[PDB]
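So this first bit is one chain, no partners, the form deposited without guanosine-5'-diphosphate (GDP), shown in structure tokens.
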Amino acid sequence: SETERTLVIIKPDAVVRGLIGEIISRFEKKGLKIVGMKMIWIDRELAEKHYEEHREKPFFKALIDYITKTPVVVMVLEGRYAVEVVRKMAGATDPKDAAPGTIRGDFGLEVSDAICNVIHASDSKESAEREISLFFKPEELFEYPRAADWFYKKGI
């Protein structure tokens, strides 16, 4: 199955700037399905867990202050090769490097002690699975049809 799920976090800079809907519309427009979503306020413990791979890096602390600065919207996107697709849609990590057309390329630039880059997107299928489990319980993820789902069915 080419169908997979990735985790997206609309970071504090996007929420504060009122970019939630515009970010969501890009995924819906692409044809990606939102199977799970909710606004939460990430606490230090969960933040460090999500970014446990950066535990031993200089910028770590700035990154924690950042993702926990205000509530965020975490969501699970479902679709064909969603992980690489959503990663492509996100753009380069540093928004100034992200190309015009991507989420970071159009909405990101300014930074604090952390490289504020609009959203988070699972980098691999493996990370996707770990991160989705860290923010969502099975009961929060749903299976339902989007309008055009019928159109793509593999013949008879």
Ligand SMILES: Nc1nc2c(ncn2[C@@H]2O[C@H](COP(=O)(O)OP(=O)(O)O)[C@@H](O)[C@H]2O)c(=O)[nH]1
Contents of the next structure:
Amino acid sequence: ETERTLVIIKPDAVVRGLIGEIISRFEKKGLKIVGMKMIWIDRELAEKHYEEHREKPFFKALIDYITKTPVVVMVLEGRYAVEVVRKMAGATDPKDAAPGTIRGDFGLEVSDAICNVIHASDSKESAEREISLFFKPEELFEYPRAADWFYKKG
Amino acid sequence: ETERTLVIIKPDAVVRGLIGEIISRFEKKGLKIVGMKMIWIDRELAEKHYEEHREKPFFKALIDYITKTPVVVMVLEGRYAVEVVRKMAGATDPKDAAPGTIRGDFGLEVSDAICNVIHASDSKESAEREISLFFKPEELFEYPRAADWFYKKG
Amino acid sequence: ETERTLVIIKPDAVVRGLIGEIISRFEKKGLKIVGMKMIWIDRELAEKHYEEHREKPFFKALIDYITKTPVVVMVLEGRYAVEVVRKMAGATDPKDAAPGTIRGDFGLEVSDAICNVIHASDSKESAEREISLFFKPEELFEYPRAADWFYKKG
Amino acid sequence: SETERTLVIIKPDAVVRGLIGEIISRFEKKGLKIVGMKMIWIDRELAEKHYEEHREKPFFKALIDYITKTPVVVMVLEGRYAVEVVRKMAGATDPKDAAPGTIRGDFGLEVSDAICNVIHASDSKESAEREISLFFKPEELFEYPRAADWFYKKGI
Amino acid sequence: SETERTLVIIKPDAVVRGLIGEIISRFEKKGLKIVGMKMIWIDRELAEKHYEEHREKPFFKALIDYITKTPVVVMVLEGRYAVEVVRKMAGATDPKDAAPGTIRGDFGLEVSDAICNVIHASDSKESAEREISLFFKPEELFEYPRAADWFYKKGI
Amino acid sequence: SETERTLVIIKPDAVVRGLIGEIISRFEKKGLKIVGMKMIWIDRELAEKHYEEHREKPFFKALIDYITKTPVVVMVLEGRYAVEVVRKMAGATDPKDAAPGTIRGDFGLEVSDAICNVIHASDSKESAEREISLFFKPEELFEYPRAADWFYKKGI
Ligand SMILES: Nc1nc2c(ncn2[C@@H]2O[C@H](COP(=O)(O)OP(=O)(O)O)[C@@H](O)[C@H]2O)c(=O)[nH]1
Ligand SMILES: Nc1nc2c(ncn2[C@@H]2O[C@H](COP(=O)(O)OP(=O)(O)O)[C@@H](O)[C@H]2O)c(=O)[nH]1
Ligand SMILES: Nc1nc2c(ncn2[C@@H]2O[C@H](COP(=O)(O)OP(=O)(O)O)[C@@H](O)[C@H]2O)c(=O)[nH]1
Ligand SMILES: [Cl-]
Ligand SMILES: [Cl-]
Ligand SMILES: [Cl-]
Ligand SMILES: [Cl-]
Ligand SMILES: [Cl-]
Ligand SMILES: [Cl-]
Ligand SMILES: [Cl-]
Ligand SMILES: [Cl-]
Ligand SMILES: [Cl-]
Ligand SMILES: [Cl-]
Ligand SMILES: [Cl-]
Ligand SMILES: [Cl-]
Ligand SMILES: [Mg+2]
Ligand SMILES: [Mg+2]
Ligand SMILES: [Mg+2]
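Switch from the form deposited without guanosine-5'-diphosphate (GDP) to the form solved in complex with guanosine-5'-diphosphate (GDP) and print that structure.
Once more the chain from above appears, this time first in line as the rest of the complex follows.
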């Protein structure tokens, strides 16, 4: 049931100084950070990441948004991590996101793009693809978090 | 899409020392405080604010409640601020409010009135009316919050 | 409307150092701690507490889980405390729990048992029974919390 | 008695950065009572009056520009030895020197031509009295019970 | 070894104000282990025994009234040099003098006839030993692993 | 100018305990800018190079074992007098001595054969320069605006 998912702490979150608060929510949930780095995405990489939206009217604005400033890309590992992180993220448009979710508590204002604090892979398949776009195997680690032993079935 | 809504941090919140925590939730969401002051509402002003409830059985108790101690009235500005703040507030009766919402996390106990931490305008129209009841134009301001520039479409 | 409910801060929460954070959520909601103690539940007591699950496939694992390390048993008092605490706890399986709830924010990983941070009585009847299992009348108290006077109808 | 009132100004840097709530919560958590509060936009005349004791100091101009840059939140805190206590909570004038745990220590660092330091706290009972009068009318200050006030009642 | 056990009492003011959780979290976050804990309502005999060293001091009576005002939460914290560490976390006896960041510094200020100061922390290993015995039976103290205990294992 | 860059390492104890976010938030809240950051697993060669000044010290071996125990998060913080400021935020080397409010003061205590102390902070501008180079390539460090940067613009 253990899966890996890719999360991008977007430019709006970085500029607003919310990196730590976002990371803490994942750590507190029990999710493990197995990879992470601050990078500045270029248009080519951005369009590959968001290839599914190439023919949508907001594509250009979305690429401008994700490449506006550096972002923090990270890989989270844990039981059903993909669906869990999507649940934690909340609705795409922050105004519709429920209080308690990341977008619900931190997002609201938008530009030409629907600024929404973070990106979260939408499926195990997508996560695999996205993780490969931003990380090399040598940047992903296997190590124990403090409470790992507690759940070991002997 | 930018709107203004009126919020009243009720006597129960003031007495319990929750003013700051409530304000922080709005600031963290990205909402801008364009007006704010601690006042002690008298019955006349209270009945004008809650005119819609004049013929309800809980009217008297509600007026007693809102005028019990000083309150903090404030105007919040932001994208769809009215519906967003209502969403953040949660169900009228705190016991029914979802965890994560203001009433959900802070409210529960009631008196003869359903004490519920805060008041939030229910519509743009109501907000306009309520804002006018408590504030003069000279008490409302236009200024930039730190991240405002980020969302400017050039 | 004032009720008492039993909550058990389970071994996973104790080991992870989440006792305080869990307690704070209840205090902030307005709930009153009328009884509380750290104990180490033995199998006999554990099976009495979870008697309803005796014929379920996960029974053995559940008993192992709840008796793994000491836990903190506590009695919470307040308006509709039973349903309110259940609401605050969230879905049984933490991966399904909504962000904002205790299980939603803190739980995810599981062992042979569905580790979910806390236990909360499912009804007033169950609460009565469970409270009696862990506490003697002399361990339960009646005292005023700071804001109690605020809600007194004269 | 030991109960005093002091003036706090949540400065433009704090307002712009969205720290109003976090600052207020620190005072509420300490047990201090907010007896008056409002968001205002200080004009140069009022700013220079508040900081008149620095009228003949080199940093005066930058200070006025800073305090009047955007709206601020002025408030009056009441409580046991509130003046010295709030000053202690504020921390060293230059935030880089302020101890972690203090308001300036946890939230301040960067400066403009002025030493931006998150908040203002009256330095003495005499200054508190003068400052409260500059920003608040008696009609804007209130006497009411905070939840735990009854717990501290002395004598019988 | 360096591992010690100390006694902490979350006093009536903290309980009434709903600060039990916040106080416990500070100890958990520090890495201290809670090996015993319970809510009890201290009677005068036990209160006077705990504070026997102040038996002949003017504030004694007010102190007993205060500590027995409502139920409290007594707990035993275990960890490296726990006695001095918890004392440091507590801060100065009179909360108005306690540094921001400490428990008394962030949460205490107001007083009654007694100097209400949020919590009690054993002042020495000798006092800790005596105090733990007054409130806890060995059967109420436990040895178990906290999540990160394995990380600190020494030697091979 | 007064703007400096310093190197911070969120050590294995912090990573294992899930404190990465809380530590980063303290720097963000202070107003410091993260210009570089990544999770890496330090090897003995790099660890010994970073701590070369302790090459001939008794605790060296335990120190290397500790810093290479699990992955860490290295990051570069930029801001006014960042070196001394971050050091101040970190607190005393041995967490038991660190003041409440500091990172080590609030989060550290227990030790292994090494004095586990949550994070590493460059001790000087010279050390910061050397350390940043050991862990980061210029291509991994960025210049960008944080939300409030405009507020502090000096002069006209
Ligand atoms: N301007 C604009 N941007 C959008 C819209 N929908 C989505 N976006 C942006 O494009 C991103 C990706 O879209 P999508 O995958 O559908 O949403 P997500 O998976 O929840 O992030 C969203 O997170 C927004 O940043 C839209 O309708 N208009
Ligand atoms: N006693 C009592 N008070 C109520 C009841 N419904 C609402 N109230 C109080 O009256 C306030 C205004 O009512 P309403 O506008 O319907 O709810 P709101 O807009 O969510 O605050 C509520 O916030 C409560 O303070 C009720 O059924 N009984
Ligand atoms: N292994 C396993 N454990 C379960 C399952 N369902 C429940 N549990 C565990 O048994 C406890 C009690 O079950 P139940 O009363 O139905 O859920 P609760 O009232 O929400 O705690 C749950 O909290 C879990 O700890 C399950 O389907 N499989
Ligand atoms: Cl949502
Ligand atoms: Cl963990
Ligand atoms: Cl709701
Ligand atoms: Cl902002
Ligand atoms: Cl749920
Ligand atoms: Cl209360
Ligand atoms: Cl200081
Ligand atoms: Cl209070
Ligand atoms: Cl101190
Ligand atoms: Cl731990
Ligand atoms: Cl220190
Ligand atoms: Cl910023
Ligand atoms: Mg998507
Ligand atoms: Mg209404
Ligand atoms: Mg059940």
